[PDB]
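Visitor: Listed below, chain by chain, are the residues.
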Amino acid sequence: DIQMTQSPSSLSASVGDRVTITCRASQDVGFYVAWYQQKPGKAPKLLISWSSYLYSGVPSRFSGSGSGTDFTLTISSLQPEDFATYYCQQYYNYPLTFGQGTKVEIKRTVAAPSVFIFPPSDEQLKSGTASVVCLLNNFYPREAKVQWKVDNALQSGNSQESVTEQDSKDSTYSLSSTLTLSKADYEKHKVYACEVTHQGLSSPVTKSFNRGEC
Amino acid sequence: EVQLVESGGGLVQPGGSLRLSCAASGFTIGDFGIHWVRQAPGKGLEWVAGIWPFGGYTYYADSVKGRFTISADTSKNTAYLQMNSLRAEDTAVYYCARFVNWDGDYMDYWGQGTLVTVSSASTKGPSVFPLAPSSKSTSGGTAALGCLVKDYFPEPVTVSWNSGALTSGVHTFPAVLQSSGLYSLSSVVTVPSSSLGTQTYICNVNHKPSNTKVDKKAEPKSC
Amino acid sequence: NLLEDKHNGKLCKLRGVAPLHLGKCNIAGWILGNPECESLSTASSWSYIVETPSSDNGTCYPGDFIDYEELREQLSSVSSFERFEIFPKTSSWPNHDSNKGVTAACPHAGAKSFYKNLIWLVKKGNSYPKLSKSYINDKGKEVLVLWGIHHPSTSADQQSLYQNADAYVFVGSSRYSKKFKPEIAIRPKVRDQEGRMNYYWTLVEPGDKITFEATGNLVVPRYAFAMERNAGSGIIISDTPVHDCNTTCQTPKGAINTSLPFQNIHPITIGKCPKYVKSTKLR
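Residue numbers (the authors' numbering), protein chains in the order written: chain Q, 1 to 214; chain P, 1 to 223; chain A, 31 to 313.
Bound conformation, chain Q alone:
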């Protein structure tokens, strides 16, 4: 049976630009190819039927081509909404095969984070646990480095980040880094700093807080 190799596996390109996504079938299919855009989470949507023919949505810049063994989906004037992931399907025979996808990333003008740092409060210190969260909000590019420091002792191998999906409106990421120590370890230090080494900060920007209600 058949398999649908894509190229590249993901792509960076600024607004206005010609994105091109090629797809190599393993058997000579013919025009029995479709293209799907799927905005992460939600259910995929059909772009091109029959190799070239724009499906009746509002997809004017998206346009198919190709034949035989290799098919190409172009995007002539890219948008903040084309951030999604793109697959070629076949229906020449079964099992019906898709590619792995191509993740087209939008480039845009660099913006710095609104950095924050957050203590626990209520039931979290009631658990023999403690989790401090180091928030970034609407920065670009993705490549950041939030780094925890307790007093001035540098951390390692216990926090965990989560980078949200890029925005279809302005193309920025909000990040959060959740640092988890036991409450046997929490109160034994007084200062928790979280620093942010970032491409759009001419020098690093740390926010800290000293465990202090009393």
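Among the chain A residues that face chain Q by a calculated CB cut under 7 Å, a handful are:
| hint | residue |
| --- | --- |
| 1 | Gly202 |
| 2 | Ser204 |
| 3 | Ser207 |
Rather than coming from a laboratory, the hints here were simulated on the basis of the structure.
Positions of the beta carbon are idealized from the N, C-alpha and C atoms, including for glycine.
Got chain Q; can you put chains P and A on it based on the hints?
Guide: For chains P and A alone, kept in the frame of chain Q given last:
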């Protein structure tokens, strides 16, 4: 309005069994046919099952032969994927999609997806705490406040802020797994000082796989 | 006796394989299954085809055959060729109407009728929902497949027949790809028909899939043809009869029992035929 609303997925014990329906508002069923395509996160889409009702025929992918079976009630507009002997590879987002040429077509409409999760066991809720803001007001100690939805199993949680009243600025993050094997995500929403203690904020944290319903409140400092 | 200016005045065979004789029909009539050719659907294999110069029963409904001369050539020299029901009337158009469509243009004896090998899909009640049937060449030879696009004259005509003005047809294979838009427009009657209908045709590789998709205006295939090409022949336009005889050259005027170098008879010829010029005597 064309519709493929899919229902009845969740957590289950390995070597197990769950039926998963794909129902249809708007249109009929028999003259069309339905395909089950699933998506184990990060791979990309994979076709598993297909049915042509008017024809009466069904065909299956190599990888789910003999376990899953597609039925369809003409009386109820609905089609059903019976999933036997489930595995960790079958833990996925399953999509039914509308289809016409039994010789091989494309997908006019998909539903929205159902989440199926199958490994070990757990039927646990989430604890919800606040992520306390600091300093003063916007540009020089801004008010960014939130709820940490730590320790539960499995996905998802519908973390809707005040019935989704201010769904602008929000970032309900991608969950992550700790040593325990329990999903944890943070929630955040940005706002200046004219909506600080001046505003009320609940997070309607909605983990449904064991319907825990925490309306925890992240307010100003308590002293 | 070592030259030739004579013809037998007949149309003999070639490799002891007789011509396909179309009678009053032309090629298009014959392949589309014109009703006035029903007597020649059972034609089993042949050397060369014979139209007549007044073979007027062809495309009884008006409009263009696309690549007619290409299809003419394709059919001229042919060994063993066989008609089959590609998309059965029984099972292939379940939710479109499969008999409402006949016309005054294509009549078999004072009765509205239509082509044998094609079938004119009309709407079933209130809707022409998308069809999308496909055929797999499970025959191990060039399957010839023909179909039609219909082009009504009024916008009302469209609703009446196919319901949807947003109508298209698509045909697709590993060698063919076309979308058809119905060009709906008022026209001078031809055979009491303001509408028109264009006939197209394609060959399908063995193993290959061919698929029809349509929201309207499709004249779907019913009967297609598994054929094996031959070569070194064409179509000859004569009035002289066929006979039960052997030859190794043929011309519209007649046959040539030839061992010899040239001829004065007719320039278009078939098989082991001398060149045309003028050749009568050698003392």
